[PDB]
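Next comes just one chain, in structure tokens: the form deposited in one PDB entry.
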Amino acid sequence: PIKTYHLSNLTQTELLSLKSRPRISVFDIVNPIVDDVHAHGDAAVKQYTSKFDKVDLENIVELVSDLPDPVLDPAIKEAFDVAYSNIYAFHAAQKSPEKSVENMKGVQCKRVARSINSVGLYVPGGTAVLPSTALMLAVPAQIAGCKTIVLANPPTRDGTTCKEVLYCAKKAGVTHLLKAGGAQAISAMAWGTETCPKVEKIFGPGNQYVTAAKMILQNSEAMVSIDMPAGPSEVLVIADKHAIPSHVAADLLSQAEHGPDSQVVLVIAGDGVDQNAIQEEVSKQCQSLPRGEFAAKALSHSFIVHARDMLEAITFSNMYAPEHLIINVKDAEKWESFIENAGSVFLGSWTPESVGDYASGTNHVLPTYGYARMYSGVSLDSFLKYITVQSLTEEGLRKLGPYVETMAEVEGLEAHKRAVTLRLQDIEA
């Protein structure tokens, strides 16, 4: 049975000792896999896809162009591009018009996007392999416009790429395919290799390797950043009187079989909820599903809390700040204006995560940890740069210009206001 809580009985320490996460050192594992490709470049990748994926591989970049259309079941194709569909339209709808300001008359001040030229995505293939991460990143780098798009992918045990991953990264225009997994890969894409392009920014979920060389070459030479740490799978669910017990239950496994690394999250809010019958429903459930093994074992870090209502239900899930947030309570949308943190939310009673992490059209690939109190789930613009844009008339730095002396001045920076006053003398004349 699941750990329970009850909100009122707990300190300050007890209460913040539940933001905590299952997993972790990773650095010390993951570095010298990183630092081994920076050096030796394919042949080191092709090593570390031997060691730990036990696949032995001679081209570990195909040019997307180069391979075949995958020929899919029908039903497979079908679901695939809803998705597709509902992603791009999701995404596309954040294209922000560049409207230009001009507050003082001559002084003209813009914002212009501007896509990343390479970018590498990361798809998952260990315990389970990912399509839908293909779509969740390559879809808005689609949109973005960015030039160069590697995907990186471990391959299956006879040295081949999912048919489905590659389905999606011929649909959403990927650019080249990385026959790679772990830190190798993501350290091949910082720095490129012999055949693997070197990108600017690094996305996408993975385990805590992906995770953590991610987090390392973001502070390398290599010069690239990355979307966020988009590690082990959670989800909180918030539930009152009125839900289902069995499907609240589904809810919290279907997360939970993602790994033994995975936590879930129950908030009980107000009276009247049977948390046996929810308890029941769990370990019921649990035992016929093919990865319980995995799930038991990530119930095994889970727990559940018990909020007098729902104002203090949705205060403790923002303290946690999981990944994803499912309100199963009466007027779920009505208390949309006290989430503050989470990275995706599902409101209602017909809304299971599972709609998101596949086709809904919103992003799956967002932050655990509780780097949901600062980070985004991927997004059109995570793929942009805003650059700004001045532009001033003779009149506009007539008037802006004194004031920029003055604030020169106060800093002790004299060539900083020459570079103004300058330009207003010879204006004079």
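Residue numbers count along the first chain shown, from 1. Only the largest set of C-alpha atoms that superpose within 1.5 Å between the two forms is called the rigid core. Compared with the form deposited in another entry:
- Core-superposed comparison between these two forms: among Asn207, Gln275, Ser225, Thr148, the single residue whose C-alpha moves by 2 Å or more is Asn207.
- Relative to the superposed core, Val30 shifts its CA atom by 2 Å or more between these two forms.
- When two forms of a protein are overlaid on their rigid core, residues whose CA moves 2 Å or more are considered shifted, and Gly356 is not one of them between these two forms.
- A displacement of 2 angstroms or greater separates the C-alpha positions of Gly125 between these two forms, with the rigid core held in common.
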Contents of the next structure:
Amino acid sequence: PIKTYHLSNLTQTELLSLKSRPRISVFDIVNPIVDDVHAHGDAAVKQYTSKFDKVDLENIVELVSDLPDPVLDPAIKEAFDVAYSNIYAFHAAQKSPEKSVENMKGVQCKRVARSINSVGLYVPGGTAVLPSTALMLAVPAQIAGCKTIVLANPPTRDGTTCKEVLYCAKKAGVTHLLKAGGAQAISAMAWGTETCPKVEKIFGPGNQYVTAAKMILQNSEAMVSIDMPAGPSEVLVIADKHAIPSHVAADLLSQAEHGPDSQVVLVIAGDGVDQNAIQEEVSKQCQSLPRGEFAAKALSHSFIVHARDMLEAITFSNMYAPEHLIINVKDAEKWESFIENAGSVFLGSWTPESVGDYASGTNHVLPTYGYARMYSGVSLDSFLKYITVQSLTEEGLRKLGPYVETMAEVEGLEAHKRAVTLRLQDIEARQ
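Same protein, different form: I have the form deposited in one PDB entry, so give me the form deposited in another entry.
Single chain only below; no partners, no other molecules.
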């Protein structure tokens, strides 16, 4: 059965242990791959693609324009169109109006949005089918107006990429498909090749080799940033005595099935909760799951924390900073103001995380590992730069400029002072 803790008892040391996921080295094997793709373009990408993926491709980048539209079963198409629709609407609503701030008359300042010109989106491939991720990444890129959108998705063993991913890629305006994975794919995007466009920002979780390539390349002469660390998936469920045990169990298992390193945490808030029934439901439901071996492995390092009340339970969750938080408690919505650290939040009894994973409209590319303490999930803003713009009239300069001279003199920066002084003289000499 799952390990149980009583929150009031926990020492500082035990709490720090609870908030730390299983630990992380990788950089040694990845750099030669990075450097090689940097030095030898596509040819090296293909060598690593034969070794690691067992696929011989002559054309590792396709213009998505040149690809035929995939053939989908109509129920599948319909569902992906609903996901697109909701994700599009949710992300499109994040556009900021851009208004002038004019505190001092003649001193006009504004913040404007510009798209990142070129972006790379990594979606695991081969046997993986992750059209959901393709949408979570490409839809905001589409909305932001990124000119080049490269999607890295390694092909199946017969040279062909997952058709559901292609469908989503075409719907969301992906320009280039990079039929490749791993660190070779990342480096290809960060550095550019003969046929791969160079990108300015790389998004999307992958394996150790992907994450490592991303982390190396962000600090490199490639001049590239990345979205976040987004490692093994996580869910923290808060449940009280009104939660249905089989539903609580099903939510825990929904993310535990992602892999044996996933982390799942149940916080029981208050009295009257049937922990035996929950445990019982977890074991039974896990036994009948196709991926029950991954889930059982993930549950082997999962845990239950008992909190005296909802306030203590949310306090624990805030310390943990879970990728996903499900709050299955009475009047869940009222607790929103107490949430501090959580990638994405699911409120009430009819909101399994599965809905956010797939089609609610929110983005499932989210910070794991504790990184929700300082990173947000992918959003429209992840694809934008905000440039500040200011303009002064003569009068504006007369009002503000003397303050600036004063401050510059204080810092010992006389040239900063004189850029103002010379202009004020010129204004006086015509006035």
